[PDB]
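Read the single chain below, which is given as structure tokens and is the form deposited in one PDB entry.
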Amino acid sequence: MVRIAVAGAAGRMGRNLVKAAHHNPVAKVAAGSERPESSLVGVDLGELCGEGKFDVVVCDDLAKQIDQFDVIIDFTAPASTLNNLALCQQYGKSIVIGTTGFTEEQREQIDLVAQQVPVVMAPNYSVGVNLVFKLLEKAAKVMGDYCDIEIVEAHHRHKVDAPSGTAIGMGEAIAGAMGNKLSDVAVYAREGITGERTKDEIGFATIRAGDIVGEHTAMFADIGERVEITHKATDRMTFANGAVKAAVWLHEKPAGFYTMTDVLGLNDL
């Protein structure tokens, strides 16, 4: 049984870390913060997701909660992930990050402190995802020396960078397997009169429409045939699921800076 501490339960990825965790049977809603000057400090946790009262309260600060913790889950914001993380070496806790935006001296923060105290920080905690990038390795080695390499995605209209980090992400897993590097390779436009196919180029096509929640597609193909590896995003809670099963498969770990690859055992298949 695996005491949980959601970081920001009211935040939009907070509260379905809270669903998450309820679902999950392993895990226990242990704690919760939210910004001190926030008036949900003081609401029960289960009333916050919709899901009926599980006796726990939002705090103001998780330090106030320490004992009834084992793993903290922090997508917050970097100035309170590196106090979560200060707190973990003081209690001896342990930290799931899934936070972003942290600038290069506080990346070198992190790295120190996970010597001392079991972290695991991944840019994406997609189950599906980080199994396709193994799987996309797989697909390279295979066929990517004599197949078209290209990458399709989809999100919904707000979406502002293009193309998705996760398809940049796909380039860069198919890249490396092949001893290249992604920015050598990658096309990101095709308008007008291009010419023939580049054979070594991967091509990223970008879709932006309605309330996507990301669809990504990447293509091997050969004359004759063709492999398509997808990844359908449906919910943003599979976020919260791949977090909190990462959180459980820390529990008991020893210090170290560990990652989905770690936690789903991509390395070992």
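Residue numbers count along the first chain shown, from 1. First, how it differs from the form deposited in another entry.
- Comparing the chain between these two forms, the hinge between the two rigid parts falls at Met237, out of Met237, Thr198, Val142, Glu150.
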Contents of the next structure:
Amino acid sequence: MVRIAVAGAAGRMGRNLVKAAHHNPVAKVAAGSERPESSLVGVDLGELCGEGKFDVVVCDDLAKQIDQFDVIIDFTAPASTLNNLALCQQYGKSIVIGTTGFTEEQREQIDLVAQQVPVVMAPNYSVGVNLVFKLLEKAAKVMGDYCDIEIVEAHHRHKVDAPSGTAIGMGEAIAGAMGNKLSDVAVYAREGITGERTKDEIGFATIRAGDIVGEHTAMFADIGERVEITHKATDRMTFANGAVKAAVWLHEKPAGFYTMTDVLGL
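Could I see the form deposited in another entry next, after the form deposited in one PDB entry?
Here we give the lone chain, stripped of any partners or molecules.
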């Protein structure tokens, strides 16, 4: 058994992660955090995910619960997650990171410190999206060189980053397979006269609406046909269960930067 701390436990993901750890018999919910100013600091973890009393309460700092946990699962905010990564380095803990929208500098620090700390990081903990990355590699080898490639993503009205880190990851899987760098081909907007579409651009279209848990579509378009590779997420539990399984997988592994692709054996 692996003992889990859930960072930002009152969050959309947080609540689902507590639920998911609770439902996995090889993983124990041992700690949860929230922002110091949060009105749910002191509330029982179970009462906040409709599972009843767990006998564990929300603290404002995981440093106060170091002896309770092996792995932090972090789907919060980038600054918050880097602090937790430092905490892991300091106390020989491991971390599963789901937070998206890191800057390049922040991401370099993660790559650096993952030499010291066991880390799983991914923009998507669903099986389906990790399969999709693989499908996109095959599709890009066969159609990429002559087709227009467009990435369409839809999320709920509270998502702050655009496009999704998953959309960016799909972009990267396609460009990588074609021997290109995404930044060389990405277009993130179109307004007014754009002129004609270049042949090699990867267009990103971003939808923000309602309670959409997440839709991603990669389109490979020729004159006369197109292949669309689509993933639809209908429940956050699809991410939470994956994250918990990543945590379990991660336990007692040595330092390294691991992806959900590694975890799943893809």
